[PDB]
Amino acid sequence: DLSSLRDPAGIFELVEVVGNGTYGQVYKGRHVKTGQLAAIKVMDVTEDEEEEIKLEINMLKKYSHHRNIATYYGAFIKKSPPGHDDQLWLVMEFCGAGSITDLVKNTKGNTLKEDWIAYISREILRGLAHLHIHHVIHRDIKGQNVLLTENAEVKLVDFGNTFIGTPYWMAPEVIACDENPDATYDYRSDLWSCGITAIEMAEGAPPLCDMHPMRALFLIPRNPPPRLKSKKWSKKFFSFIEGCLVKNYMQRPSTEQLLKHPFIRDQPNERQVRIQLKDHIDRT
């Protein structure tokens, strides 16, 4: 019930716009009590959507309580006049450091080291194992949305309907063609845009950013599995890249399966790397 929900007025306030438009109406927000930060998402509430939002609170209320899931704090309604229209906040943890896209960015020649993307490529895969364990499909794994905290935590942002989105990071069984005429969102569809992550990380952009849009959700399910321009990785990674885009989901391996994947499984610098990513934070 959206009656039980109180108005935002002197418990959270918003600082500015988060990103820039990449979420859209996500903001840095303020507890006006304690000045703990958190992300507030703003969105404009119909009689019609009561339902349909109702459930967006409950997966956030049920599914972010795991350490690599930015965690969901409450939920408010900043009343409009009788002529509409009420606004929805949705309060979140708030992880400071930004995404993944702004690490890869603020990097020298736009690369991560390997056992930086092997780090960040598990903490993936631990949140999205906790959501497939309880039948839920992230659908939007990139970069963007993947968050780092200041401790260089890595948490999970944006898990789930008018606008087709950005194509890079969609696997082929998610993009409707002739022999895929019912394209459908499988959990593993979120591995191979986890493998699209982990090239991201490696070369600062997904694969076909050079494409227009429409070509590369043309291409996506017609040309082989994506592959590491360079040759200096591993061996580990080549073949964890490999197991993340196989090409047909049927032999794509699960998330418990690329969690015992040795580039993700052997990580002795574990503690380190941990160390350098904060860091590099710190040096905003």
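For clarity, a rigid core is taken as the largest C-alpha set superposing within 1.5 Å between two forms. Positions refer to the first chain, counted from 1. Compared with the form deposited in another entry:
- Shift analysis on the rigid core between these two forms singles out 53 from 53, 216, 59, 38 (C-alpha displacement of 2 Å or more).
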Given for the second form:
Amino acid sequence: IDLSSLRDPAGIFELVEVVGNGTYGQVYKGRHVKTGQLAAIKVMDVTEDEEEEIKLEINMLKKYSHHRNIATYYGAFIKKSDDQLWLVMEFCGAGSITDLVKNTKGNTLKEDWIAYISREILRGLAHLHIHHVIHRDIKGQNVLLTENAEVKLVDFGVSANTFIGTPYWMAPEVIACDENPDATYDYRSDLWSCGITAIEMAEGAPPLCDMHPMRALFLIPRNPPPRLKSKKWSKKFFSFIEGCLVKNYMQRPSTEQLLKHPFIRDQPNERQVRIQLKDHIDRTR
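Switch over from the form deposited in one PDB entry to the form deposited in another entry, please.
Excluded here are partners and other molecules; the one chain stands alone.
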């Protein structure tokens, strides 16, 4: 891509309102002027400090979004002013996974809902990993739902920055310490994040949620793998969490291996779950 040849978004796209009020920063519910179809628009300022980082988010989202579990790239635009870069993509109108769990009774999702959502996350990750892309910011806030209960991944912003985000979904290997100065990691760091996301769906919050983020950052590399608090869950669900949450990434399974895990592989009530999720989205709307 080249920032020079990009057109002005006037009469093509318009901003409606910010989405998630700061969760994603300068991200808006947008509208394709001519059709009225919604789009999510990421608005970044084209500063010299953040100009190469800005181009890279365009290029990545552009080539790696042609998969049903990743929100699709539409186009890039520059609104000349300090110039404003607009990154336009597919709008997912039913909120994030975090929203879904906080707007549910008892801040807990049914196990078969967790199995459905976790598989869609892993299918999106398998697409990224096969194209040598690590998502790097897997969390319930970056996993969105559409009106018809489809699950899509967002944010190539930190994909492989001046502000470090939330640390709760971060794998031990991405947190630098004395025996890990270079914070050496691979695609498996997203699988740990997927495991924390499944705990988040089961409990309504990631482990260490009650800690100061800086304290969680210190604790993640030294604490044993997090575990589900309740004993109610199936053996397969406990086994899936254990798979995602292997402390040492060197023996953590691959995305392909986790997709074959009985909890992810065996979903007999798939059809009903999709209907239940749709019903939940409609009853919240």
